[PDB]
Amino acid sequence: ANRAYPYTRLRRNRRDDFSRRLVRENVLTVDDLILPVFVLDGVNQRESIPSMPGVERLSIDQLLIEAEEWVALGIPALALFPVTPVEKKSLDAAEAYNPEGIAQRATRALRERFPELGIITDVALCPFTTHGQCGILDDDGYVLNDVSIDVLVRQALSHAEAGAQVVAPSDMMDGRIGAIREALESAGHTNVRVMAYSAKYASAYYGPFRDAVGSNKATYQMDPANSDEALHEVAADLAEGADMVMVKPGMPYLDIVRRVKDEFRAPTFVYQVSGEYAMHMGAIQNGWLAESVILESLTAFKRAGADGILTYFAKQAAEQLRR
Amino acid sequence: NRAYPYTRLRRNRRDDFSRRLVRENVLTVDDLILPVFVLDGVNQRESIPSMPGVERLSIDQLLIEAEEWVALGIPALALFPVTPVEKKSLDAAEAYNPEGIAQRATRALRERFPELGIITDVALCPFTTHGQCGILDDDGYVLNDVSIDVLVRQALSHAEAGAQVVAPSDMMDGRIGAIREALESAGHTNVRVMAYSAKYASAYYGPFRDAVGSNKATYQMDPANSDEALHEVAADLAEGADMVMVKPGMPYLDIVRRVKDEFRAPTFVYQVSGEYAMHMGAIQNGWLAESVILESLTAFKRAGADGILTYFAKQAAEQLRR
Amino acid sequence: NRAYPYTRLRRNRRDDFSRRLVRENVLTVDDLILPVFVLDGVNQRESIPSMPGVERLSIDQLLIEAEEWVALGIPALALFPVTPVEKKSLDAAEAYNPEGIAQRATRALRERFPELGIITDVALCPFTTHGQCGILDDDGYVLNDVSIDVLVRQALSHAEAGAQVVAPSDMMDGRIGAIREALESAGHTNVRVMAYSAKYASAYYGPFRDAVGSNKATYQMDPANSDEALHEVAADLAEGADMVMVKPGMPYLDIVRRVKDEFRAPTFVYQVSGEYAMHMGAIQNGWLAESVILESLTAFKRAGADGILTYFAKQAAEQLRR
Amino acid sequence: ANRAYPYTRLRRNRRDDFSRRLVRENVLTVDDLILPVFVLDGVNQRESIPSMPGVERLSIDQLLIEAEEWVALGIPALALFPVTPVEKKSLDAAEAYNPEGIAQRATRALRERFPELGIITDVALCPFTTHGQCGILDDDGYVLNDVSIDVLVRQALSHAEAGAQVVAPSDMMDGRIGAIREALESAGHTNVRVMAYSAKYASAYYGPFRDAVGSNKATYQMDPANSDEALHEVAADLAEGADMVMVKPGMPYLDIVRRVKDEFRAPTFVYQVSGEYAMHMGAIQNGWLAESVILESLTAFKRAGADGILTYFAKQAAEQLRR
Amino acid sequence: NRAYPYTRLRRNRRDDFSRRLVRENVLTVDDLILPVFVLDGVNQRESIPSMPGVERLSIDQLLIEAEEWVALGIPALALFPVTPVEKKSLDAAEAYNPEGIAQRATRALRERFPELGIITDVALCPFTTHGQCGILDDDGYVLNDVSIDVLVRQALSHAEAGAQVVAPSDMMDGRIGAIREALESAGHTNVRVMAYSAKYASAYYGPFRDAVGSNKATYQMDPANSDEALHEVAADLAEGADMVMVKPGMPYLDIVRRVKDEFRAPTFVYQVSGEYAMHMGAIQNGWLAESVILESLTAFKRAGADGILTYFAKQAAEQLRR
Amino acid sequence: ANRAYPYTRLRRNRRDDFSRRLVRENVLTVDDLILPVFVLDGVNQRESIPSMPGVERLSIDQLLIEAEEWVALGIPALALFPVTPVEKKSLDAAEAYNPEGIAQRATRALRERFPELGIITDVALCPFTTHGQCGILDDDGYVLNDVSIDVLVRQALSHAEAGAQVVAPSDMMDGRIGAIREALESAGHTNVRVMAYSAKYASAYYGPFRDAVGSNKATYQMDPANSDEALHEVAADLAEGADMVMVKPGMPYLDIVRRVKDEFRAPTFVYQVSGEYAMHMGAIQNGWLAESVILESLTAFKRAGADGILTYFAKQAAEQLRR
Ligand SMILES: [Cl-]
Ligand SMILES: [Cl-]
Ligand SMILES: [Cl-]
Ligand SMILES: [Mg+2]
Ligand SMILES: [Mg+2]
Ligand SMILES: [Mg+2]
Ligand SMILES: [Mg+2]
Ligand SMILES: [Mg+2]
Ligand SMILES: [Mg+2]
Ligand SMILES: [Mg+2]
Ligand SMILES: [Mg+2]
Ligand SMILES: [Mg+2]
Ligand code: NA
Ligand code: NA
Ligand code: NA
Ligand code: NA
Ligand code: NA
Ligand code: NA
Ligand SMILES: [Zn+2]
Ligand SMILES: [Zn+2]
Ligand SMILES: [Zn+2]
Ligand SMILES: [Zn+2]
Ligand SMILES: [Zn+2]
Ligand SMILES: [Zn+2]
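First to last, the sequence lines map onto chains B, A, A', B', A'' and B''. A prime marks a further copy of an entry chain.
With the deposited numbering applied, the first sequence covers 6 to 220, 228 to 335.
With the deposited numbering applied, the second sequence covers 7 to 220, 228 to 335.
With the deposited numbering applied, the third sequence covers 7 to 220, 228 to 335.
With the deposited numbering applied, the fourth sequence covers 6 to 220, 228 to 335.
With the deposited numbering applied, the fifth sequence covers 7 to 220, 228 to 335.
With the deposited numbering applied, the sixth sequence covers 6 to 220, 228 to 335.
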């Protein structure tokens with residue numbers, strides 16, 4: 006529109022808080038926050054995670070205790086990540102679909118106690134394989150796509166059976182969203198949402214999560237260099253029946269968030285991963301960055317087009333928003 | 007290629023949490039601007055029958071009510087003086103009187119509540135004996151460029167009174183650039199200009215005329238025209254507006270959406286007196302639930318508006334706060 | 007209509023060769039610009055605690071380290087003088103001192119390494135006693151146009167010292183055109199201007215303030238705003254910038270991508286002190302592998318950046334060379 | 006953005022090498038190069054090709070020798086083109102799917118020796134027909150589409166059986182990508198890539214290749237005049253399950269490359285064909301053009317949007333890049 | 007949703023008639039412009055070894071060959087004088103000599119063949135002792151604005167000689183507007199300007215240098238850059254060019270297509286000496302069929318070019334005529 | 006691009022023929038022309054058509070005579086329109102698929118005599134029904150869609166059997182392109198093109214054609237007021253397997269031509285119908301318009317994006333072009 010200085014001075018709107026507030030393009034609210042949480046097998050158990058300062062692994066009872074306050078703060082949903090006892094790992098990943106596995110038990114407990122709180126279970130075989138790869142290995146050590154799906158489908162069904170409102174397949178197998186959706190539909194789980202991890206990269210930013218849960229990748233997770241490829245990933249997942257789509261990691265992939273939102277106009281989520289949390293929190297603890305950087309990081313996801321954010325900062329942010 | 011039953015759009019609707027996760031727009035108090043009707047005198051409060059629950063207030067009373075507005079976090083007020091009949095003239099000179107209602111109210115509010123935004127109305131219709139939005143020629147037509155000269159003096163007077171934003175509502179061609187030039191020349195470099203860019207010749211304004219004590230088809234836009242609005246806004250952006258506005262509101266949500274999409278600039282919309290009246294009337298009759306107020310406001314957010322001029326601003330801010 | 011199992015996106019991922027064939031972006035040393043902190047004096051080297059592995063260097067020491075930078079193929083340096091406290095003033099006059107640190111360092115580097123690009127910082131904050139990015143008025147607000155006058159003299163002084171690029175980081179409106187006019191008028195026809203176009207009011211700058219020995230919401234952009242950045246860059250292109258920049262970096266990759274896509278112009282991004290610190294801290298703690306450095310830089314390429322201002326430039330150039 | 010001289014002087018960035026380097030939009034790297042290679046039946050055999058100065062036909066053992074250096078140079082992949090003994094040609098093109106045909110043998114030898122090097126086999130009947138047409142002829146002498154596909158499918162399977170990571174159908178039969186993909190999938194060759202020659206023109210630029218391999229076309233290859241048609245070709249091939257799509261010839265069709273990349277955002281390849289190589293090399297040899305024209309020609313493909321380039325200059329370019 | 011076997015793209019290919027019906031582009035003689043090398047003297051004809059079948063011709067001989075060109079319907083010639091070594095100078099003054107080869111040839115052709123288009127080359131490289139495309143400063147760099155002054159005088163001299171089109175090939179910034187202003191000021195209101203807008207620093211020019219008897230990376234474009242070309246052409250259109258050109262040709266067909274698509278303006282492309290040589294060489298060796306000539310030219314039409322500067326213009330016009 | 010007078014004077018290019026020629030955006034050639042022709046049942050028969058001055062109905066032998074010259078002129082194709090004897094009309098339209106109907110006979114005669122000339126047969130029931138409606142009527146007098154298709158399919162097969170290279174379904178039944186394509190494919194007529202009359206309007210401009218062939229419509233032909241609807245029509249026909257798509261009438265619908273070409277980038281044809289021919293020719297004959305209006309009318313179709321034009325002026329235009 007031929008806007009030219011000095012007729013246009015972009016500073017005028019910035020002059021006063023009230024005008025800054027009037028033109029502010031995006032706001033983060035508690036509607037936008039999803040808290041991931043590492044769940045242990047026992048009773049009366051909490052563990053600190055070395056590479057995620059301030060985040061605890063919680064047994065189910067402890068989860069239920071802390072969830073009262075997450076609920077009170079208005080956090081809409083949790084994303085559960087079980088911490089599988091080593092003795093329950095196997096080459097067939099069968100613990101994935103064990104009806105009394107951690108995820109399944111946590112889910113039923115939370116669904117009963119906090120009926121309005123959303124529960125997003127993780128559909129993935131890496132927490133359950135003795136080797137830690139995101140699926141069933143062939144003789145060469147390659148992750149078999151279609152065979153891994155069969156396990157994933159049985160897992161997802163078990164989650165729906167436990168009452169999960171959302172299942173989130175994080176594996177990066179091709180075709181899995183459609184196979185899971187078909188199974189859910191066949192089984193009558195009409196309303197179970199599927200939150201696809203659509204554009205999940207082969208990233209160095211996951212380091213701490215491995216420490217958190219107790220666990228090559230380039231043959232299934234995406235190359236960091238690729239952008240256009242992410243749109244093809246998403247497109248397939250929407251076609252296959254995903255209700256929501258996700259980019260992971262998050263800040264390092266904000267451009268992807270923006271392209272995905274712009275291209276598909278579908279419910280788009282983003283994961284501020286363990287390494288992102290660790291680097292921010294470590295800097296805040298060292299006195300190198302102000303705590304205000306938490307809300308800045310989260311505001312960036314909204315600005316980029318995310319509808320919702322999986323973030324280990326969800327409770328702190330909710331607290332800050334509520335002020 | 008999303009297809010039922012693989013895709014069932016009800017799934018995200020099943021639970022409040024999922025509805026919240028996917029909700030595309032939120033209204034907040036940061037979106038609300040309260041228009042106010044300002045009387046001369048002291049201790050004056052007058053009800054408006056066609057705008058139930060809205061009062062015209064003298065300045066002292068405005069300062070009192072403003073305590074609450076500020077407490078609720080409403081970012082700005084839009085002042086509309088109720089000009090005494092005796093102060094109306096052919097030349098509209100009260101528009102730039104340093105002792106006019108708008109200028110006095112501005113000075114009062116700027117002092118008492120320094121963080122509150124004040125948006126003054128730049129317009130000659132409140133000041134003319136004939137009520138037209140400008141100075142007439144000998145054929146009874148509103149002269150564009152001569153009217154701008156008066157508008158410029160008004161705008162300068164508002165800036166001198168401390169207004170952070172002036173909002174030209176006149177629909178004169180070229181007035182945004184002329185006002186901008188004048189502001190700049192005078193050293194008022196940070197006074198915002200909130201252009202009423204796409205202001206339609208509308209029947210929705212009935213009650214406001216009641217409220218302020220006052228056809229426009231040779232200046233106000235034809236309701237039928239939509240492309241025309243883009244041309245209006247493009248010129249006002251080129252001429253230096255800091256924000257652009259569509260008026261009326263809800264009957265023109267398509268315009269809001271086109272303007273936001275085309276220009277990606279700060280976009281405002283006026284939910285006019287007629288809109289407020291319609292909704293109030295229906296609520297008071299028990300024909301609509303009070304929930305319609307937040308619905309109407311959410312519409313503006315959804316259509317692309319950054320801010321909303323609305324007589325519901327206090328009612329809504331209270332509901333949002335809680 | 008690509009659909010599984012006819013389309014399996016894993017197939018190109020199966021082998022390194024195919025991953026290489028389809029790889030959409032590559033980082034090279036041609037993408038790297040090293041910011042440097044420059045001290046007055048001789049034989050000075052100072053570690054920065056909040057930026058582990060980065061030192062502030064006096065000019066003689068800078069010349070020494072620069073041998074390696076040049077050997078590694080780093081195309082340019084961005085100089086940031088560490089102004090002695092005694093040289094800060096209300097008028098920011100050290101900004102245009104021919105004997106200032108920046109001007110001296112420029113002259114030294116231009117002579118010793120004629121092919122190395124030197125990008126000077128055009129900004130008044132390093133030179134004011136109050137640390138604000140300009141000259142204050144009597145209300146304590148940074149005056150836009152008066153600050154530009156000082157910026158213009160600074161920019162001319164950098165050109166006189168031989169800088170091939172000046173990078174205005176101030177966030178004054180209109181400053182790119184004013185600097186351009188001045189450069190042109192003076193015969194500095196080929197001095198590039200690298201506008202910091204979309205520079206946000208960010209918490210990520212903490213460590214830099216430590217490094218150079220120094228709110229900005231009335232000039233720096235609101236983190237929440239994205240469309241606004243397009244307007245910023247459009248003006249700076251119109252005003253004559255040769256390259257445009259987004260700052261900070263990684264928290265604003267969406268902005269980089271929007272700016273590249275909209276304008277198709279040379280686009281740069283600053284991976285700021287806070288970003289470097291976060292990553293370094295996590296690497297030193299064993300929380301992240303050192304591979305994150307090239308990942309972070311690749312992100313900027315993927316988002317559309319042509320060049321990256323990064324304190325990792327040497328570490329990355331070494332890794333790329335090998 | 007209203008950029009106007011003298012405020013905008015596009016020469017400023019060009020003033021110095023460092024700024025030229027900073028704004029340079031595209032770079033060619035060895036990641037972008039695919040070397041086509043003509044493979045003979047014997048042992049200890051090399052032949053010079055008259056119309057491709059500097060390019061040799063190589064027996065398998067010789068191929069393995071030269072490949073050490075292609076590998077050392079970082080060339081990611083080869084595209085194999087067998088030189089069929091005349092005695093092995095027939096009206097049924099059966100040699101195409103012979104498990105001990107040249108392509109199959111070369112493939113197994115290279116897969117074993119250089120496991121990381123990509124092998125792209127040619128799925129085409131023209132090297133195998135007594136007549137040299139790209140398929141099986143009917144009584145009128147027309148190339149039968151669906152009957153030719155059946156042979157092509159058997160060929161592609163035989164290549165996957167030999168270990169090829171990519172099969173590249175170059176025939177221009179309609180529907181072939183889907184038929185090959187279905188067959189590969191049915192057979193369990195889940196990860197064998199299909200590099201479709203999607204927009205392959207009826208071009209005069211192929212002349213030397215006929216000399217190289219020892220071999228109307230307008231009823232299957234595209235009319236040079238047509239652009240929009242190429243987008244329809246590509247679209248079908250992506251829908252049919254191609255992993256990569258290719259334009260051939262290359263320089264003479266750079267506009268097609270750009271439209272294809274822009275429209276589909278998919279992995280896009282381009283073939284700098286025998287006639288392009290010959291005309292450049294002949295000019296360089298005559299002293300008419302500088303050797304720098306090699307990297308200029310290849311940079312154009314990147315600039316146009318190609319991800320990868322099949323080029324007889326791959327070794328020379330790799331050498332030049334490595335300096 | 008076109009899908010095999012319902013859609014078989016071979017069907018339209020089955021028969022020549024259907025191929026003709028659907029053919030998207032045709033080359034005609036109206037698309038061809040013949041560049042010519044012009045010698046001083048009388049009765050001179052010189053073969054160029056690196057451009058087999060092309061001769062440099064003195065003016066009298068050019069007039070003779072032109073009879074055939076005109077008979078074949080070739081719309082225009084692009085004249086390239088072969089400057090005597092003794093007429094080259096630091097100041098490039100032969101460029102605007104009314105008695106220069108270009109000016110004489112123009113006058114001769116305008117008289118003898120009034121309907122034939124004459125496109126003169128506006129450029130200083132044929133006239134400088136050093137061969138650079140402009141006037142050098144004391145550092146050996148081509149001064150942009152001083153070179154334009156000489157270019158303007160050249161262009162005026164071509165207009166005075168009767169040229170219907172001047173084609174600035176220099177790659178000076180701003181030269182199209184400066185030449186346009188001058189033409190307009192002088193009353194040359196209908197002299198076309200054919201800007202070489204996107205002219206790359208290319209190895210394809212080798213033979214031309216042979217032909218006319220003569228790095229450029231500080232003015233000619235980097236082969237790697239494509240977005241940059243849009244900026245080049247946008248400026249030249251704004252500055253008043255009537256047609257815009259890409260050079261070289263076939264190695265830059267993506268550029269042609271981007272330029273046509275973006276601007277929808279008259280777009281021309283130069284199939285340069287190196288391109289002609291490559292093709293000729295291969296044809297003479299029996300490596301390519303002569304059909305490649307029409308294929309190469311069709312490519313330019315397909316990419317979006319309106320006109321093609323090509324040394325094959327006569328060969329192709331003969332083939333088309335028949 | 007900020008082009009402004011007097012720096013930009015759009016007249017400069019117009020100053021001289023040579024520059025007009027250089028920038029001329031579109032050219033009509035004989036490659037673009039398709040001649041419709043009304044074919045009678047007899048021998049040695051020609052009839053003049055009152056409302057189409059200058060156009061004759063021709064028996065097959067006469068058609069073959071005139072076609073030598075159409076061929077000599079380079080006209081690529083004819084579109085045949087038989088003139089059905091009244092005695093051969095019926096409620097079932099069976100004459101449509103009679104192997105010795107006029108169209109079928111003309112086709113075989115022309116295919117044999119002029120093998121390179123394209124023949125486009127008309128797939129339509131209106132020339133064959135006693136009532137003249139474009140299909141089989143129900144009790145209410147409505148044209149039954151799916152029942153009419155069955156006849157159309159049998160017609161099209163009979164045309165392919167006669168050797169037609171293109172069949173052109175002009176009926177405006179929904180779904181017909183797909184049904185015809187399926188049938189052709191099932192029958193092995195792999196290469197028979199289908200030229201869909203995709204956007205065919207309920208127009209007053211067809212008046213003379215009824216006079217020519219010897220023959228409500230608003231329930232199948234399109235409303236003249238509708239534009240967007242034409243894109244939906246076309247889209248369906250491409251999806252159903254049309255090789256070419258057509259707009260009819262022509263000049264009065266040039267906007268449709270442009271939108272269709274722009275939207276689909278597919279081979280697009282346009283019919284300059286009988287009423288368009290009549291009004292031009294009547295004006296030329298009255299001395300009201302110059303003959304140059306013929307090439308102007310045809311140039312408009314090219315300008316609008318048409319690849320080919322069905323026009324009763326094809327011979328005159330070809331003659332004019334050849335000069
Ligand atoms: Cl007026
Ligand atoms: Cl200011
Ligand atoms: Cl210069
Ligand atoms: Mg307890
Ligand atoms: Mg996927
Ligand atoms: Mg207006
Ligand atoms: Mg700015
Ligand atoms: Mg040996
Ligand atoms: Mg195909
Ligand atoms: Mg230029
Ligand atoms: Mg006879
Ligand atoms: Mg239809
Ligand atoms: Na949200
Ligand atoms: Na707002
Ligand atoms: Na770069
Ligand atoms: Na590549
Ligand atoms: Na042309
Ligand atoms: Na055509
Ligand atoms: Zn996993
Ligand atoms: Zn008014
Ligand atoms: Zn600053
Ligand atoms: Zn073949
Ligand atoms: Zn030159
Ligand atoms: Zn019909």
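Possibly wrong hints are sitting among the right ones.
Said to hold, decoys possible - Going by beta-carbon spacing under 10 Å, a handful of chain B positions derived as facing chain B':
(1) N7
(2) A9
(3) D144
(4) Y147
(5) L149
(6) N150
(7) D155
(8) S220
(9) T231
(10) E241
(11) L243
Quick caveat, the hints were computed from the structure, so don't treat them as lab data.
Virtual Cβ for every residue (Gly too), placed ideally from N, Cα, C.
Quiz item: Can B/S220 be said to touch chain B', with a Cβ gap under 10 Å?
Solution: Since the shortest Cβ distance to chain B' is 25 Å, the answer is violated.
Quiz item: Once the shortest beta carbon distance from B/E241 to chain B' is found, is it less than 10 Å?
Solution: Holds, because the Cβ-Cβ distance from B/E241 to chain B' comes to roughly 8 Å (cut-off 10 Å).
Quiz item: Given B/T231 was flagged as interface, is its beta-carbon under 10 Å from a beta-carbon of chain B'?
Solution: It holds, given that the least Cβ distance between B/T231 and chain B' is near 9 Å, below 10 Å.
Quiz item: Hint check: is the beta carbon of B/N150 less than 10 Å from a beta carbon of chain B'?
Solution: With Cβ-Cβ at 6 Å, under 10 Å, it holds.
Quiz item: Is the shortest C-beta separation between B/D144 and chain B' less than 10 Å?
Solution: violated (14 Å)
Practice problem: For the hint on B/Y147, just tell me whether its beta-carbon gets within less than 10 Å of chain B'. | Solution: Holds: closest Cβ of chain B' sits about 9 Å from B/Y147, inside 10 Å.
Quiz prompt | chain B' contact restraint for B/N7 - C-beta distance below 10 Å | solution = Cβ of B/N7 sits 7 Å from chain B', so the hint holds.
Exercise. Mind checking the CB of B/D155 against every CB in chain B' and telling me if the closest is under 10 Å?
Key: Constraint on B/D155 not satisfied, violated at 14 Å.
Practice problem: With chain B' as the partner, please determine if B/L243 meets the hint condition of a C-beta pair closer than 10 Å. | Solution: Interface hint status for B/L243: holds (6 Å vs cutoff 10 Å).
Quiz item: Does the interface hint hold: is B/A9 within less than 10 Å of chain B', judged Cβ to Cβ?
Solution: holds (8 Å)
Practice problem: So, B/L149 near chain B'? Judge it on the closest CB pair being under 10 Å. | Solution: Holds - the Cβ of B/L149 comes within 10 Å of chain B', reaching about 9 Å at its closest.
Hint check: violations occur at hints 3, 7 and 8; the rest are consistent with the structure.
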